[PDB]
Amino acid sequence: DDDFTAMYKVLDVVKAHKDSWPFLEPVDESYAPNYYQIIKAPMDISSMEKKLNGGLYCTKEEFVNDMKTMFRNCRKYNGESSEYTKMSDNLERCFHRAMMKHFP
């Protein structure tokens, strides 16, 4: 399996996880005051999908970095005890499991 197919499958697993929904689309600032002032490099699953479909990823590392940035953004904006941070931790473990399966 080539890296890009592997990436597609990983994104599929992450999307399928019960806690993916806050991460599926770009953040709507109407429900996240000052989000784009606080977060330097926003990232979401649909954007990763589109980069992958548009062949904009050069390497596995770029893909992984977008995923990790997405989770860091969440933790930074929402705080440790937040519902969204709980979800980000579950989803990051989902990501890790998926990576081990599809990048063995």
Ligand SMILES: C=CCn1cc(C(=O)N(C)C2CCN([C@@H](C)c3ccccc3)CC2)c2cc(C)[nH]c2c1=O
The other form holds:
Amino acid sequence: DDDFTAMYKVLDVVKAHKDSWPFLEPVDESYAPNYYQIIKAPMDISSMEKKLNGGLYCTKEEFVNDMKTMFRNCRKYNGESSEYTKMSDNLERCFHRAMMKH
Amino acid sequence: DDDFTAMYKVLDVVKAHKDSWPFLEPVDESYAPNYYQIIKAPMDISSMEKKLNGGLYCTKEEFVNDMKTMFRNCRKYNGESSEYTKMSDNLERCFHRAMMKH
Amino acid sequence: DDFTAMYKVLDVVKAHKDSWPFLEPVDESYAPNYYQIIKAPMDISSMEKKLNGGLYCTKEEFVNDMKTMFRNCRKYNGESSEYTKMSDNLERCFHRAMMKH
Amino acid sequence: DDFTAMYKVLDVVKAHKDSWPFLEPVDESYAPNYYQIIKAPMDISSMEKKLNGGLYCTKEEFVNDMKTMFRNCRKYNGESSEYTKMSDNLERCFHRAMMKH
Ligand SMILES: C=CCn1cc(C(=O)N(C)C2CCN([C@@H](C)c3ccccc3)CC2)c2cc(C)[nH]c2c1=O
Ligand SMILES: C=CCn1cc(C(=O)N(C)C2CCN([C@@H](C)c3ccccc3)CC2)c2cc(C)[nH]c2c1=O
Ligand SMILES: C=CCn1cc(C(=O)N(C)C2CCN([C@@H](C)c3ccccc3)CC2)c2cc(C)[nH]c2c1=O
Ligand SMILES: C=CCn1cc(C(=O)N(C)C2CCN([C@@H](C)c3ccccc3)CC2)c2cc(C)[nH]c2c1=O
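Let's compare: the form solved without the ligand is above, so bring in the form solved in complex with the ligand.
Expanding to the full complex; the earlier chain stays at the top.
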């Protein structure tokens, strides 16, 4: 198969994970005060989906980088001890297994 | 062929233009004295890139308004006869061509 | 020339489906004591930095860093590892590209 | 087109009185552990090689390499270094040239 199909299958697996729900859409600032003042490059699963379906991921590289940002942003904003960060770790290990499979 | 994909393609075209380089990042005040005191709403290509990839442009209207602001700030601070203003007219024309294509 | 050739070859390698574990320096949280075991770590981003920094005088000097990158994988993960299968895939791709460019 | 502009800019930059420390990759004998500290080394000769090799599609990557050059200087030598004064001068020079060409 090809890189598109692989990335599509990976996102589907990631979205299905029990802890994906905080990462599905862009962060609502009413739930997270000054998120966009703190986070310079916001990233979420729906934006990755938009880029993928829009033919904007030429290679797996820029896909991994966006994933890397989504998790970096979580850690940065919520802290290492946050419940969101535990979920982020779980989702990261999920993204990793999926990459290895697809 | 989606608002997101269209805006992504447009920004890429704009960044590639010969005169985009002074609009790529937020204005360095060391090159433009008291820029931030004069300009109430600063805007640049990297900020718009971050807004787009963050899922913050619901419609093209939102995007056009930021672009309008970016060029308004240039004319305001540098004046009609400035070399920056010639560049900002060229880039505005570039923004327009891209919006018609994508 | 050699410069442009080395440039095109890294691009081909990065584009390969199995390049993603070789793109950045190894995260020790995924590979315990990697840096204690591997004495000369190498990754695609590091070679890109050397290339762009004018640190590759020869084509050979560059080919040795690539070779080290695959050697390190085999050494650390073993012959039967899933990483080694991807390393093999990335290696012949590298070779195919070197012959074309 | 963008080529000619970037070529003229580099020529102007190379001609500047303070360009000489930035012309070639850093000699580690003058700067101890430079390559251990600086992860992305950049210099004018490397930028010339990329330009002449057709690796700058747009002015954007060219500006980014220039930004790296100066970032490296500041990082390694500090804000109060004589090299950093030279770096500021060369940056002002890069800027005038970019406006002209
Ligand atoms: C870790 C991922 C990024 N991230 C997402 C947050 C976030 O967005 N949330 C928790 C919710 C807000 C409401 N939404 C809507 C769409 C929804 C969906 C289903 C049921 C109720 C509400 C879901 C995500 C959030 C909130 C803080 C304080 N920090 C963060 C944060 O870092
Ligand atoms: C193959 C050669 C180099 N090599 C890389 C490893 C490695 O580092 N990885 C596989 C991951 C680490 C985390 N990153 C992040 C950004 C990521 C990417 C995609 C999904 C989740 C997380 C990607 C590569 C790794 C782990 C072992 C046990 N041996 C190795 C190893 O020999
Ligand atoms: C600022 C730019 C990058 N940068 C270059 C250095 C550097 O390499 N130099 C200054 C010289 C070394 C030898 N060469 C030769 C060609 C030469 C030229 C003229 C007289 C003698 C030798 C020129 C660059 C250097 C040294 C420190 C402590 N930090 C740096 C450093 O940050
Ligand atoms: C045009 C729109 C916004 N705008 C940006 C300016 C600005 O910031 N610049 C032109 C530079 C500053 C330094 N950077 C670096 C990375 C650079 C790039 C190329 C060569 C040298 C240095 C690029 C933008 C600037 C300066 C005045 C007097 N008015 C303005 C101004 O209205």
